[PDB]
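One chain comes next, on its own, written out as structure tokens in the form deposited in one PDB entry.
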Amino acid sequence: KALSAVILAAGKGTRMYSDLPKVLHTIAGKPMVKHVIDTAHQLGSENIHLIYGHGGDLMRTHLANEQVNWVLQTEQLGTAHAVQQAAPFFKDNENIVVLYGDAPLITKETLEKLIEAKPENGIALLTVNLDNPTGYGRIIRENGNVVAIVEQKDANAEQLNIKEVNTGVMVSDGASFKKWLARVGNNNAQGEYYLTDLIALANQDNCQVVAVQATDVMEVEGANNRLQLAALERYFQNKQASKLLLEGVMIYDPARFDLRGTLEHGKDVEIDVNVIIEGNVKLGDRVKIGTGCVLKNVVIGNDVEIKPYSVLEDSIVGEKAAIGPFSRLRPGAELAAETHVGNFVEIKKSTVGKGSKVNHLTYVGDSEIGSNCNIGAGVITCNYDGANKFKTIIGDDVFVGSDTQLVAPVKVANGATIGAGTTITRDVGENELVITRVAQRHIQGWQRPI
């Protein structure tokens, strides 16, 4: 049967001490609430009702493209009142799962077990075992069913030893939600309408509530401050790393590895310590990434080595290329197979053809470079003091001598040779040699200070 989700996302998150609302804070580069939306989506949710409030304008801008129903709650009167705002949109004969935008690590697999266990006209409640369950509502089981959730203050001596606890995550059908939400009261110390009370109300109707234990506590742990958020971060990164290691990626130290997006990999990939992978990255077979590298939105071909302290963004690198150390590839850098990019080199929005080398102290911007070129140390593409930034075109088999400026727009044809220290402003023809004629003054017997 069909399924929809409700995600609670209205919290201010005061203890974050932030201008952002609570659920927009990120884990692995992605807002907490986005993790939960994505999980709801892969679970098969037909609709996702996003209950929001605080920082409303920011929620809308940061999540503009999310396929969710925006339910703006105007007052915080408890979670049952919050969920009830979405209730008119529930189909009677679909399941509804309730999730929390500040508990981002809840998994599809746990939620599939929760939904599968839901008895008809009843509730499936996600629970978890804690070593120190102080403060949290204890799960009371009679037979295989939950008959109550007794809070800390009400529990007797024996009930306090119960380790099983309420997570707030639950699944019931839409008609049942509409019915029971209307019957929730606010007669308690906080004066709030608690979603917790649905368990009691279901039992009032002789409906079955069954418990399903989450396997990992961190799946149901929320973050109320940045300390707790960093704990979720580290747990998540460790889990991502472990998956990659079991898939055959050699991560030298999983505690010093960060993935903030998606990684596609081949076999025998090696990733040294303190590497960050961001956005969508694809690594081919036998790619080796040295320490300190940052790769954001890149495709790296088979047999590429990236040496330490290289930073790459929005770039493509062909097979058997060698990059680094201290290389920077900026958006639009496209390196062909068997290229070489070296230390203190910056490449921006340029193509570099097969076998070409750019190995030191060089800036190449807005350029096309052909195959088997030799770009000397200190070479710089530049522009006139004008308006827009023009293109430098270098053909195949060109030698550009060290410390030469190429002044765009300019074209250097196949097989040209340019001497060191040259300023190139005019087009260079095929097989043309250009050498700078220097004038020097030589003074003999010039004694330097002793």
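So that the term is clear: the rigid core is the largest set of C-alpha atoms that superpose within 1.5 Å between two forms. Positions refer to the first chain, counted from 1. Compared with the form deposited in another entry:
- Only one of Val294, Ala155, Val299, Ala337 has its C-alpha shifted by 2 Å or more between the two forms once the core is superposed, and that residue is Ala155.
- With the core held fixed between the two forms, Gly137 has its Cα displaced by at least 2 Å.
- Relative to the superposed core, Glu278 undergoes a C-alpha shift smaller than 2 Å between the two forms.
- With the core held fixed between the two forms, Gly191 has its Cα displaced by at least 2 Å.
Form deposited in another entry, following the form deposited in one PDB entry:
Coming up is the bare chain, nothing alongside it.
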């Protein structure tokens, strides 16, 4: 059969103590609900029906590009009534999986096992065994077969002893859902339609209710507060780190590694402790990343070593280049092959050509630097106090002496030499040597405090 999904994402998440709605809280840099959407799609869902409510505007701005059918929940009438709002879109002959935007770790493999165990015209539900089943809905079995679910507040002494609980995740065919949902009543103190009633309605229709137990508890675990979110984050990071390790990436300590995005890697990549990878990061062969580096949306060529406490964003680094320690690459930094970037160096929106070195205490912004240049310590690109930010153009084989200020817009042609302590405001021609003429007083026999 075909498949479509329903994700409940309307909940408030009061225990989060947040102006953000529950499902928008992130795991590895992306909202909980987004993980669930991706799994639903990877599962093969034709449609994804996102049921939303609380913090609606924030949902729509934060998930604008998500390939989903937006189903707004006006009146809060319980989960069965919410899914019923998505029900008119169900095709009779397709399976419908119900998921929760606050249980982000649910896997493709487990859901595939659940679908395949669904009997024709029946229900398949996910259940899980807990040492302490307190608070959750108990799974009721008559002679092996599943007949009902009983919540804590209704459970008798013996029922309270059942260690198998309801995860809320279930699969059934479209027509069955439409059929059973309509027959759910709200004769209760809270006056709302509970999704769990569908188990009894299937049994009363003499349809099979197969439970599939999940081996991994965390997979069906929901984050109701930030302690629980942190537990989920750590599990998810460990899962990501294990994969990379078995693929051949050396992570010196997976427990001190963070991937918040996607990583593309070559072979013999080494990643030291306390490194954070964000956005889209591509690493070529034999790249070495030292402790405390942060890489966000970067492309690193082969044989690049990144020394400790370097921070890179939206940057490109050519093969055999050397970065760090304490280097800052800001958006738009392009380093060609064999370039050197050293301590306390900031590079913004600039191209640095092959073999050029920028080794200490320097700021380069809005600049184009050619090949084999020597950019001295204390060199700074700046602007006049004016309207917009102009560019600095440096050619090949240029020597820029220590503590020189390059005032944009300015051009320094091939082979030029610029002496230490210079203020460059006029264009420098090819093979031109610029020296600052200093004026100094020398005072003899000046004695310092003894």
